[PDB]
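Asks: Letter by letter, the chains look like this.
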Amino acid sequence: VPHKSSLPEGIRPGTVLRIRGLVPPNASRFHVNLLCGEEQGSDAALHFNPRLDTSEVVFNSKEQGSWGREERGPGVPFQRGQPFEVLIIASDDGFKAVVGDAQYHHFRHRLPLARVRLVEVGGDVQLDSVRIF
Amino acid sequence: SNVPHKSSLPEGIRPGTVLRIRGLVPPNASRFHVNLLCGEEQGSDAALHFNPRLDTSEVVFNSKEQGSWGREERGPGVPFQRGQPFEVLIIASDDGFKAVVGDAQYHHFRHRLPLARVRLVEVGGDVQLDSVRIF
Ligand SMILES: OC[C@H]1O[C@@H](S[C@@H]2O[C@H](CO)[C@H](O)[C@H](n3cc(-c4cccc(F)c4)nn3)[C@H]2O)[C@H](O)[C@@H](O)[C@H]1O
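Chains B and A, in that order, give the protein sequences.
Per the authors' numbering, the first sequence starts with residue 3, numbered consecutively.
Per the authors' numbering, the second sequence starts with residue 1, numbered consecutively.
What the hints contain is simulated information worked out from the structure, not anything from laboratory work.
Don't take each hint at face value.
Stated by the list, open to error - Computed footprint of chain A on chain B; a stretch qualifies when at least three of its residues, placed anywhere within it, have a C-beta under 8 angstroms from a C-beta of chain A: (1) 15 to 25; (2) 94 to 102.
As the list claims (entries may be wrong) - To give a feel for the contact side, a few chain A residues facing chain B, derived at Cβ under 10 angstroms: (3) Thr-17; (4) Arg-20; (5) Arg-53; (6) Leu-89; (7) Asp-94; (8) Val-100; (9) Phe-135.
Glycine included, every Cβ here is placed at the ideal spot set by N, Cα and C.
Isolated chain B, as found in the complex:
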């Protein structure tokens, strides 16, 4: 079952999501979604999707049940059996995705920041904690 956390103050520039976890001995992939509602198929302002089995990291958004243009990151800053700490940082012009001690990708806003209400973490990952700062 995917982990879900509400954003009680919504998200604004300055909102920081810290996700600590572990990638299982062989995970295929896992994802972090920033969702605009609790209903099934709700829009995703951000879909962050490390894929171990294809060695990619896909970024996308979704509206009206339709994915958008995929953006991909440089390499795979995740490995099976190793713990991670991801920061998702909301700025005025996009989301900064930080893995470890390095800026990994910058994803420009497609949907209004204000519509975001939910963080979802699913797929093959062992979730240690989701913290919102």
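Please build the complex by placing chain A with the ligand on the supplied structure of chain B, with the hints as guidance.
Replies: Below, chain A with the ligand without anything else, positioned relative to chain B:
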């Protein structure tokens, strides 16, 4: 053998910027500081002066503008100890700086100077820095 830090921020900092500071407060420590400065000159204006004072058990927040300090704000107690490592997040938002210490929200410092003026991060005083990263 204190280990300080100076980093330039040529493009400045925008709402949604994270300064992560990790280090050790050494056994004899009196105090240390994290400054967000507007220039490289001596006594530059400061959007943020963050000042854990181990010797007085206070954490002071202030700004400096046109050469004059503002009114100090104080956080709730001192989440630092001599002989112990720490992690501080200084998070810039639309309305101010959020200080996070040891994974807990600690203080919120409303902007006094425009964020666009910040040009430099300096960390010094009685601290042995592990790392300073800006995201
Ligand atoms: O956009 C995010 C979503 O991606 C899909 S998977 C997706 O399916 C697409 C079908 O048109 C393409 O096959 C796409 N694609 C494109 C490429 C591609 C194309 C050109 C160059 C190069 F390097 C790669 N490879 N795969 C693939 O990623 C997931 O099911 C969903 O959960 C979510 O992550």
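Asks: Is the hint on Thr-17(A) kept, meaning its closest Cβ partner in chain B is under 10 angstroms away?
Replies: holds, 7 angstroms
Asks: Using the nearest Cβ pair, does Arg-20(A) come within less than 10 angstroms of chain B?
Replies: holds, 8 angstroms
Asks: Just to make sure I understand the rule, a stretch counts as covered if three or more of its residues have a C-beta closer than 8 angstroms to a C-beta of the chain. Does the segment 15 to 25 of chain B meet that for chain A?
Replies: holds (count 4)
Asks: Tell me if the interface restraint on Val-100(A) is satisfied: Cβ within less than 10 angstroms of some Cβ in chain B.
Replies: holds, 5 angstroms
Asks: Should the interface hint for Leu-89(A) be scored as holding, given a Cβ-Cβ cut-off of 10 angstroms against chain B?
Replies: The hint holds - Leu-89(A) has a Cβ within 10 angstroms of chain B, the shortest such distance being about 6 angstroms.
Asks: Does the segment 94 to 102 of chain B contain three or more residues whose Cβ lies closer than 8 angstroms to a Cβ of chain A?
Replies: The restraint on the segment 94 to 102 of chain B holds, since 4 of its residues have a Cβ under 8 angstroms from chain A and three suffice.
Asks: Classify the hint on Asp-94(A) as holds or violated, based on whether any CB of chain B lies nearer than 10 angstroms to its CB.
Replies: Holds. Min distance 6 angstroms.
Asks: Tell me if the interface restraint on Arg-53(A) is satisfied: Cβ within less than 10 angstroms of some Cβ in chain B.
Replies: Given a least distance of 24 angstroms, the restraint on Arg-53(A) is violated.
Asks: With chain B as the partner, please determine if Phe-135(A) meets the hint condition of a C-beta pair closer than 10 angstroms.
Replies: holds, 5 angstroms
In the structure shown, a violation is registered for the earlier hint numbered 5 alone.
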